[PDB]
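The structure under discussion is supplied below as structure tokens; questions concerning it will follow.
Coming up: subunit A.
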Amino acid sequence: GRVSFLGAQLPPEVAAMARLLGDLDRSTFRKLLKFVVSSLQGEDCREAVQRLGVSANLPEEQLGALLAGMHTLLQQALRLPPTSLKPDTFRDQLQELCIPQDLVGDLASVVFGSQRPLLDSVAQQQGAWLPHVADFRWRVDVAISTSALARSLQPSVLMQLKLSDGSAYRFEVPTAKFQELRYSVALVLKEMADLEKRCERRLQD
Partner candidate 1 sequence: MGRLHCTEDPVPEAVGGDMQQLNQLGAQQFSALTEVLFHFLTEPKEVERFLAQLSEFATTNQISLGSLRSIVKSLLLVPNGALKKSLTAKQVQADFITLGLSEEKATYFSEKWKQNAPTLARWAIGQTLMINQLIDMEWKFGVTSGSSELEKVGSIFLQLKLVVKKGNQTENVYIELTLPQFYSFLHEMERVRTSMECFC
Partner candidate 2 sequence: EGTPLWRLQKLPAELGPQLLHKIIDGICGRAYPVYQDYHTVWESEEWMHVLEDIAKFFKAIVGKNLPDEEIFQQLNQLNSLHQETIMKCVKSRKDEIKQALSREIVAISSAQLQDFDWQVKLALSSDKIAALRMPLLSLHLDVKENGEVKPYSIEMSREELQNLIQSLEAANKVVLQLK
Partner candidate 3 sequence: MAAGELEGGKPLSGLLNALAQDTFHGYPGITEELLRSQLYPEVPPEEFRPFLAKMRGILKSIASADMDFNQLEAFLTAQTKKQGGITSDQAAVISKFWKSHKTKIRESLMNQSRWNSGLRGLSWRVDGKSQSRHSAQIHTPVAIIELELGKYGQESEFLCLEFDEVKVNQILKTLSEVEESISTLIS
Partner candidate 4 sequence: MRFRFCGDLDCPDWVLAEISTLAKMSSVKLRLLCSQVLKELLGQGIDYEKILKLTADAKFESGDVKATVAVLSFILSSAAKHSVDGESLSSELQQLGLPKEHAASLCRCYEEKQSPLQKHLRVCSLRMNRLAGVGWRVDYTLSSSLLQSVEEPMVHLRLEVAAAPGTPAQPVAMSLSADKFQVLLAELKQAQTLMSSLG
């Protein structure tokens, strides 16, 4: 079924935008749209917003209202997959927001053009929260002899780890604990495979 892309009600920011843009110069709107899309891509723009504002004779509060409402609207539209937010539902819901059709078409050019898969590839980057492995390395040795023991021949594995936050660690582990680690990893991999194959089917039912 259809879903309201804004959620259960319009936030006051997007209402304030919609009441402001009703006669804005499309060139300035296109510039603001480029800025918003660039800032969603990770860039920064305070000097370009400023020189546009002074060029457009736009007050700081009007630029702020415009930018905030367009960012909220496009962020909410990206949150849904584009198959669910089918373009008829998008255009109709923006028409209920009373956006002028030229600006509806301009927003659709953001939500459905080649910028879409790039933004999707950026949105996935929020999902970590806990750092992933950066790299892993090892050395495996035989002691042969030791201060306590004329001979030993026990193996040991030295291991070293770095994490995507810049943390790094080095530790050595005996063979029994290495076998426990290897078993635990294989177990969790099996459980993850089974869980994925269950969910992927049961959510079709």
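Things to note:
Throughout what follows, a residue touches a chain if its C-beta (ideal position, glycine included) is under 8 Å from a C-beta of that chain, and two chains touch if they have at least 3 such contacts; residues count from 1.
How these were chosen: all candidates are chains of the complex that A comes from, given by their letters.
Only one entry among 1, 2, 3 or 4 touches subunit A in this complex, and that entry is 1.
Touching candidate 1 in their complex are the following residues of subunit A: 136-147, 155.
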